[PDB]
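One chain is shown next in structure tokens, namely the form deposited in one PDB entry.
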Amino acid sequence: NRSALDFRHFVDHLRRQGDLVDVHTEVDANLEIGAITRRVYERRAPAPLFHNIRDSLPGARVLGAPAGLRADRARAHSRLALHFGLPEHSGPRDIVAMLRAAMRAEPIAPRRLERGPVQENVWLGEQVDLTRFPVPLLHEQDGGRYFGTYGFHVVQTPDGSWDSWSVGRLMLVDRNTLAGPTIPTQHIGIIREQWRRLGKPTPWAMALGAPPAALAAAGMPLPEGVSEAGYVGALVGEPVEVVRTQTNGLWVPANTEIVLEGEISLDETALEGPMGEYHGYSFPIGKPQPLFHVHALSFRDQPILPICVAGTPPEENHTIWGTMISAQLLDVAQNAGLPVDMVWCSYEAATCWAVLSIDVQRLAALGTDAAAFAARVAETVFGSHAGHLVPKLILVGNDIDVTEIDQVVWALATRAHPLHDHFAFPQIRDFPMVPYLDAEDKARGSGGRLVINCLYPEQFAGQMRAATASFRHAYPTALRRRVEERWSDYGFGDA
């Protein structure tokens, strides 16, 4: 709870539980930091807090892998769980039930403070130089250095009636200019347009090293006019504390490590990217994006710049956003009357697929078949904001545990018939970032969507052609419990 609301306390928390390594060695923000953090995701090592970054502002720090996973199976997701207030042994299923709970908790208004820690140091106008920060070049093939890879943008509607928080990347352009994507169909883009329809640039701020739970809220889809900041309070049962910015009347979390302030240019662009992205790839060509002019910034003493070195799994895009998507999607399916009892975007599939666990008893009641169930499933799923982001759906019965990739592969290989179980929906619009889309797909706007059925035909009539020959399903309950409790007297200890 104190970790969810305070990034610095979040860090001392990880240190306390031994999920942090303090790197005292001088490291280089040119590639080295990224290379270390990359190996950290892949080896599932403690999160590194880099204490000495070459040629940087003295005291400026960097936190790699803020939601990477741990090598400990029992505590694998403790870092990621900590962004939701959740404890060390929280698994996928614990975190989803927590997430669907939050999704129906009353939001709590952000507590307004006069003052805060992010205000300890202020740079105004000409005193602003972003290059003084340990700004990393995260992958050797990136088209520049990224100031923002672990924060959200803050913008407000012209009449001030509502706030938006949204995650995005920001490339370092120069000492007081950044640039990055701004999606028109989203709250930030929608609000830009409101200031455009007034002839004005958009007042902006970015929070970096914001409360872990504030980062989390900054990704949830919500109706226009609705503010993300109250859903921190829904998540953790406590309001996020905010202070107004120095410059532009926006509200930012009191204890953010670094806040940038300024405006998003109406017309100015810079060639932004490319960057190695969540899907595991680094495309070679960048595209123009709006300039972000930094007119002022402020930071806590010894500011920690958290980063995300995106790529092959598992990194924060899979761990944080994949997990949240799986919750929202589980909530979307149940709501519309679909026989789904769990959804997991396997980290190993880099958020390019979500697996749907199916209660085949409830499925039998629908009196339907694969093609029809597959079409109905696609519309519900892809017609939502979370499911717009995942191009492939796998429908499997609930005898397997869909958080286990090994079990999904078994079902995938043994149940999906080449002739009957491959349902393309090439007219459902794509999420453009999907790596396998070709030029025809992108010009058209669709072609990438697909549902893969692993639900045997007789399963729709509530039947099954064969029992699963596993420990769980091939032996009676009394025997299984006998073997479980007696396991260590057999001579196994811990298998």
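Positions refer to the first chain, counted from 1. If you superpose the two forms and keep the largest set of C-alpha atoms that fall within 1.5 Å, you have the rigid core. Compared with the form deposited in another entry:
In a core superposition between these two forms, the Cα of 364 is the only one among 364, 190, 103, 122 shifting by 2 Å or more. A displacement of 2 angstroms or greater separates the C-alpha positions of residue 424 between these two forms, with the rigid core held in common. With the core held fixed between these two forms, residue 476 has its Cα displaced by at least 2 Å. In the core-superposed comparison between these two forms, the C-alpha atom of residue 376 has shifted by at least 2 angstroms.
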Contents of the next structure:
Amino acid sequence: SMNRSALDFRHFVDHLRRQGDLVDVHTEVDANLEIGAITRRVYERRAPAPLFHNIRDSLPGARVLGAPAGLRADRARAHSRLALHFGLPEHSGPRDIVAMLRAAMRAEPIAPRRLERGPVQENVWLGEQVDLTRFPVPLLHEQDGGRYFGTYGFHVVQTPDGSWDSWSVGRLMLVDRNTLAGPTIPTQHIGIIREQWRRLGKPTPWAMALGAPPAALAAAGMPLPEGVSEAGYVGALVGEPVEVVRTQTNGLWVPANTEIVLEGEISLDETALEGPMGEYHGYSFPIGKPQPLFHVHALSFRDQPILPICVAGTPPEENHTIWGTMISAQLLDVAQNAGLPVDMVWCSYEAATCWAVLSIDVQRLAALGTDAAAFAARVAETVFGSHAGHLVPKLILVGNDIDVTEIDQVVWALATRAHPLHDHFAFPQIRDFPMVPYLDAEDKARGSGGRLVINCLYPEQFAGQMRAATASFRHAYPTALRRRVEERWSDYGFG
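Based on the form deposited in one PDB entry presented above, generate the structure block for the form deposited in another entry.
Only one chain is given; partner chains and other molecules are left out.
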């Protein structure tokens, strides 16, 4: 059931209900602001994911699932919804998911299983039959530039010769009944492929899978080389291939179990103004930007289709829980592949992927014979120089007496270890990720200025010393007594 949830969105949703992580909303809600407002609150209260059954003035049978990888208030199970995206059980935490991702990234892909048919074909609208406005397309935040059809799903394109099928995560704003608009980064795989079609004088055939198999959405964001197709890495993630059917109108292959598939082409030169919109950093910047038109020639969907939605903004939402976690997992590979004494990396969801905390193996630190400034520089070059680390402007270096995945502990280290005169290491020569929201006009002209390493390693730690013991349950009591207290917890009378 847990691995089934990973390969099948509809089952994923039933599973949530069974484990008490789903609220069926049967009362009538408005896709104009209300769905988004509710879903946003859900993220912030860490509530069960809502399934809206009754949406004003929308395709009968159509439904919306809010917060598909939001967190849960119950701390023992807080990451369960996220974990299902990777076929992992209810009690899986950041470290379990990171270990699984790192392994997946070393595993072999498994060729997708081609099928003649599948549930996504249960309903088909062609050409003139296409009307996107009939779906419960939400206006997500009050000031958004338009309604968003696609906020949790991926694009599918292919090279003209068919040798490389490319999945990538993307978002699409509704323009009209059969047109959308959304970003295509020229240097991203989708942009590279779009260039190949352009030199033939052709628009790019496209599809978007919404309510895709959770692991297929995961796979779509995996860091893969140019030429390598994402579909196979569903098998790398969960040991079982994704099942695919051919689209109705353009010869692409989309997961068989997907809820809603849009089919069409990315326009050569037509654009619309897209945005403003909430983004991963928690802000909604006010200016719109022209983006390419995606023309929809056909759409297919399951009976009683579920449109999943993300309401991007202040954490934790899917940007942080899925993409942040993946970045964390990649940064740990980067650090360890470099030989750094790092046993964990965590891009705290609370920091909206604007910082990474590196857990430093203090038992191996003295052997480096270094100090804070040199170590900060070394870690800066290594991490910021990587593809994943390019994305994160601030690194916090801290000894592994704390658990870097718990923000309260990071805060404690930050407040009590980082000396204001000696532990603030700015690296203004290092090129920035341009979306970092605190960048100013000079940083933007220069291309650098935003990068920072905050050191929380006390100077003595570079000699293997430590000025004071941590007065916590973990570090203030001998091993035997810790074990006794944990084994007797129930006997004492605690739940």
